[PDB]
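J.: Listed below are the residues making up each chain.
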Amino acid sequence: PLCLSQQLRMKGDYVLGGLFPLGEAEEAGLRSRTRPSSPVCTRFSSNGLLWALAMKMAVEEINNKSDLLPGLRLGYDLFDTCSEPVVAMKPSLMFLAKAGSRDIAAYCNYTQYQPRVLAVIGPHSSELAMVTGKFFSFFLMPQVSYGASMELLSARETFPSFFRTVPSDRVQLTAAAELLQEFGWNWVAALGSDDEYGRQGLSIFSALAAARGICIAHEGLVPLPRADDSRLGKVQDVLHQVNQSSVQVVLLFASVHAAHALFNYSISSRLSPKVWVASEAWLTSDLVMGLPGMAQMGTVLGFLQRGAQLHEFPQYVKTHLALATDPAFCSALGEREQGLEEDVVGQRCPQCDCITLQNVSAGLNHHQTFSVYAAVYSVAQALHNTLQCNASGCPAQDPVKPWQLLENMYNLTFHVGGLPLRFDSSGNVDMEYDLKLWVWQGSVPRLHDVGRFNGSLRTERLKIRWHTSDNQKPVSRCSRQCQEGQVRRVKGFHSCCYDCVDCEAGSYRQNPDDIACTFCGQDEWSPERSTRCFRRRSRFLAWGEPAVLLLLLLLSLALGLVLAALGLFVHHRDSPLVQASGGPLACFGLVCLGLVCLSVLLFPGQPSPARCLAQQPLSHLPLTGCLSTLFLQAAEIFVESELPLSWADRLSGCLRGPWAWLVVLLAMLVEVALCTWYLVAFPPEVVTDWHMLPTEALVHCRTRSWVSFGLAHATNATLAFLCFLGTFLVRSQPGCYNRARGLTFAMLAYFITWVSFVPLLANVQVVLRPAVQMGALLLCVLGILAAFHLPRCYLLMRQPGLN
Amino acid sequence: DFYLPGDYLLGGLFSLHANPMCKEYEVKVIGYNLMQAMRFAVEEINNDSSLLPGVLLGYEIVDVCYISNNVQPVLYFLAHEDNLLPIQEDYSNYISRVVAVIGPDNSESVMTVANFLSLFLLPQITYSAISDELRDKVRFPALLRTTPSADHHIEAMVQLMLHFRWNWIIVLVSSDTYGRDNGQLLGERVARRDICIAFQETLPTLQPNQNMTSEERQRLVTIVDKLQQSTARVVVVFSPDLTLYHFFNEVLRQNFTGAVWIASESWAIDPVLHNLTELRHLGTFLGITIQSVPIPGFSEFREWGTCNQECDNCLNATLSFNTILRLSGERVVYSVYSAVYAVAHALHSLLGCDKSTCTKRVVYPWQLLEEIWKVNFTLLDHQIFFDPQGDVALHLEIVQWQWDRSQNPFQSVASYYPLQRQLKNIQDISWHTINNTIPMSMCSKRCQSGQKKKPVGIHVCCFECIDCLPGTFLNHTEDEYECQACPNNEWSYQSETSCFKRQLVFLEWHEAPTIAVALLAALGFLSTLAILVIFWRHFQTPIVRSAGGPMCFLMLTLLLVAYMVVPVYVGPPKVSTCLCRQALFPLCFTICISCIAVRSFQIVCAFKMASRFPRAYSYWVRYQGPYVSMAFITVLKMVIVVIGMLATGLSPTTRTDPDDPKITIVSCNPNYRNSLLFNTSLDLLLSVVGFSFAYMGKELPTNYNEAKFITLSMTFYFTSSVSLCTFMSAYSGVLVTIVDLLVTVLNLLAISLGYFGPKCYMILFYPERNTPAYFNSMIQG
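Protein chains in written order, with this note's numbering: chain H, 1 to 803; chain G, 1001 to 1781.
The shape of chain H in the complex, shown without the other chains:
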């Protein structure tokens, strides 16, 4: 049976203390507490015994060493913690009982107290760290922990005797926050283990987010794998938030198990890859390195502790185990340690000690051993200084009390394996870190250095692959101090940062603070990103519109030609040809052209609803009268063309006099009648639309139905068509220009114009709709003269000349 428990104590002169997990308490006693007895920890652990052997190596080194603690040897009180305060507190109470006794007094003062150990090599588990440190603080016994990292343990008002190595979670969290700051990663969602480790780290990182500037997005926790299994569901929700927050960087301060569950689910759910700012609890553990498919989950990168490994340790461990096999040395040390506390140590059984060298020869190069080793040297040096010892001996006047160390352990400088470590006021040494990546090449994530951390980061982004494409660094930024114009929706778990949205067209912002693009009335005009509503300008059928000006010029031309023709008609009254072209009925027609000018001229300018009512009907009126004159002429010509003889004579007699003017005035009456009718049915009115175009308010003569106007025009148009049928059939006069053909060009062109501009009018835009309408009448009336009266003038100013 391997000789271990016998070696788990030594006499020395100023005995140290150890609180290590040389075992693992079975998961029954912890739940079954009905009798006051600590659970046994038969189950063996490897790293715990490695740490105990490291403490032993350090103590043997200092004892063997001459210049450090000359003449004074240090012992042990190796006691198990079993990673459980219930079973780890009895050894702690033992450490502070009395010199060579088993009773711990409760005197108000601790100055007169003389405990058994001089210091404690604090536990690993940080729950144990807190419980045992609370116990030790009052008695002021220097407790140096080798694995504790929770930041509260540095609170030197309730833990004044904690002197842990392995810097706290604070330092790695500051490194992570600094990395985010220098990589421009304001918008970060930080997760955490449900256990106290994760929550503590998350609180520290919230403080660091406030300080450095990065704005937290989602501050949740990832439940540990538990029998409830609702944990898994909860994870999804937490994971879902990471998807929803749109974050390419996530801080995972989870323990190894929590991160394992998180990443297993992330693979199983096909979660979008993102940067995973890791922690020392999972950044290298194989339980998260083995998961299939993990390589496709963004870049895992995190800060890992840097510190010389305790070399020449494997040889010592192998030699010590082998010598523990040797009966002679075991019996010798048993005889040396007789009747003393060599048995009360943990795992004191035979079998509890009977193991195989392979039972522990796995994590032989474990980074924690150094910490344990360092711890001993610390107290060694501390003791070496509190006795005021020097090279080659020292007076050692009186047994130094632990509070003497407490006084003379802060700001201590000790060299461990050539590393000059030094505690600070908070009691935690400051060791540097290195940014380990998780670069994948063959599904075996290799971790490599990017930059170091001496309290200030020294990264170099070039090395990180950054997954994605073209090794582009994932940008996860938050709109902070953004353009004032946009509306600002506050987001983030804290009020930090906000989303800025460009306002829409037609909606303005009352004040910068408000969080809505207010919508104002159509009277104003608001473009994109305008916190104000801008008044428009009126748009109408102004007299000054270029098209309106052209139409006015055309109306002036029409008036001129009408006046010329009617002057020729007032003069050439006796000439039979002028009369045969229509007589004073054609005088009515020419003045009707002038009057249709006087009628159509109401469109341009500022339109009034009354103008819309009274304009178009009186517009059709004079043109209707003149075209009725045209119809008289055409029907008379048609009747002449026909050959009934008696009917032709009767119609000529009837139509020469009374019927001509009677029909003219009847056409006038019909025009005004249908005008009143449509005005009752669909009277157009002036209306304003502000949404038709953004920057202007379109005030124009809206029409209830252009069909009504079409029919009002179609009255005279149908008269035109009737005369067109009457006149078109006429064959050219033998050896003379035909009279019917003048009327034929006239009405045929009139249709070609109005039948044509009704669709052109419909197609064109609303405000120019009256504009081209102007032209219609102009062109329309022009047509008549360009195809009815032009030959009449031609003759009149050439009739005397020809003969």
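Derived by calculation from the structure, the hints in this document are not laboratory data. One should not assume that every hint holds.
[Unchecked claim] Cβ pair distances, simulated, as ranges:
| id | chain 1 | residue 1 | chain 2 | residue 2 | range |
| --- | --- | --- | --- | --- | --- |
| 1 | G | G1571 | H | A547 | 18 to 28 Å |
| 2 | H | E407 | G | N1093 | 37 to 47 Å |
| 3 | H | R480 | G | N1436 | 39 to 49 Å |
| 4 | G | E1464 | H | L419 | 57 to 67 Å |
| 5 | G | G1571 | H | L790 | 45 to 55 Å |
| 6 | G | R1421 | H | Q236 | 51 to 61 Å |
| 7 | H | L232 | G | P1455 | 20 to 30 Å |
| 8 | G | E1464 | H | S443 | 21 to 31 Å |
| 9 | G | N1255 | H | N385 | 20 to 30 Å |
| 10 | H | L553 | G | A1516 | 37 to 47 Å |
| 11 | G | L1276 | H | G521 | 31 to 41 Å |
| 12 | H | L232 | G | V1460 | 20 to 30 Å |
| 13 | H | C654 | G | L1526 | 47 to 57 Å |
| 14 | G | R1421 | H | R532 | 22 to 32 Å |
Yeah, the Cβ is synthetic: ideal placement off N, Cα and C, and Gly gets one too.
Please build the complex by placing chain G on the supplied structure of chain H, with the hints as guidance.
T.: Then chain G, alone, in the frame of chain H:
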């Protein structure tokens, strides 16, 4: 005031001061109040004879000093009278000087003491600690508790929040473990209960003795300005009152009027904060405390006048705040009093006393733990029994903070039953609203009917309201989150979460325009029938025959079809009537126009063009060149019809009428406009070519007069086609089909009563033109 001898003592750990010597710390009235509560409990237990005849109980209190003096108390406990505590593996044989300790109030100090006590398995009833860790028993076997956990407090808080409909909250939690733990608990409680935190941010600690350090000053300025910027006006705060004093001072200086501050136990009820009496201007303050039947005779006990075991001026502060304590009616005193009574009942059952005489058996601590884990007894009409996780069913209670000094500084609003996990009996609660209403606190106003809600920000509470467009209706019935389309005839408009209906419109027989055109077509068909009857009646004449002879009837015969088709235009535009109107009506129209066109073609040719190509036209007439030509025209139209069918959809389209959705034009074809243009452009071309040829041959024959009829027909059809074009270009939404029927009749009459009718007109008016000799002379000339 700190000790009493006895047989079985009861250790106590009351926190007397806050913020070895510990009377230098700020005195806490509540500490001495709770001390006196436990003193009253033990005194009443000893006075009684039923509870424990004889077997005198004993007590002893050692100040814990909040967090400072925790270890020394317990170590003095569980130690022999000489103050030596041996270390043993098995403690079942240890006689601890105190059977069970009470007092640890702060959760952290409670854990600190409970670790050692679990070592010795000493019963420990914590009278006010709240953290949910103590619920766990693997960590703390002996940590019984007589105040509900923090989870119950948070559930009461969230149920109050729901009852007043505040889904938009803010959380402020101090930096200490208490604040972070309570904040996480509230976050997990509300993430599931429809309530979304506006933002949870940490509140830095500010001790009353602290000099309000700068960094903290601007940090708190940030806190308060973020608070008032936001829209959530229910601010739940988890922090010790010590920091709340400074926080409330600074925020009050900051003009943050509208706010409903929810308080946690830690400071839900406390004389220090109540005495400020200047918070009426910050709104309403709510908190949660624990309610129980008042101790019948404890105030009279109150008014009566180891390291740091004693206190200096606790009684002076208690006398100063006695008015508040009596009016406020301290209730944690019931917690500790019931804890002492539960320990007494456990000691009573364990001793197995027969209600008259007790056997003073030497009692071990763990034995009392086992016996106390199941006590089940009445106490002032409140049942005391511990659940398997170490907690009692003690009614919580919502406390409204009433400033008025009249009476009852703390007001009971809502009562929360833990066994039922429900908060009810919410009495009337006055607020800071000017109308005594329920203050609003919501992220976004609920969208009115007809608009979808699309989320804004990470939180699922609030959204932008958007009136989902016409044809889409807010599907609040199934999914209120996203609006859904409303297909088929159902049609919605802006807003209007309920759709409307679309009515398909086709050509009927009732519309006045429809009736008028139908009468017009009936008159035309009667005229056609009369023309046919006269033509058949006078086939002997060369006017009837030269129009086509028997073949002329065919035109008329085919003409009949169009009139028969005229109503076929009316009726549903289903596949059947559609195919009819698309296949045969064009057949008639085309043959009718083209036969007359060919008639004119050959008349003018025999007049003018035939002389140009005599041999060619003769060989053409050999097989009836004219009949050949319009036969080819019939063939070409058949080609057009089949091609249009191949490249065009027979089935109708219910195209929405732009005037209004309720009317939807059932057009017989998806693009019957351009399809009709493609079908009728050939008709227009043939008609215009025939008119041009007639105009070339305008020398109309005396008895044939072909021009005087054909030219009329062709010109008037050309004008009609242009009129149809103009009407389309205007595109009068409704009535397109009826006007199209008008036009179909229009060109039908064009041909019929523009060519054939005059033949009968001249036949009946005068028969001389029908004279064969005159006809032959006219042909020659």
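J.: Starting from the hint list further up, note which numbers the structure goes against and sort them upward.
T.: 1, 6, 8, 9, 11, 13, 14
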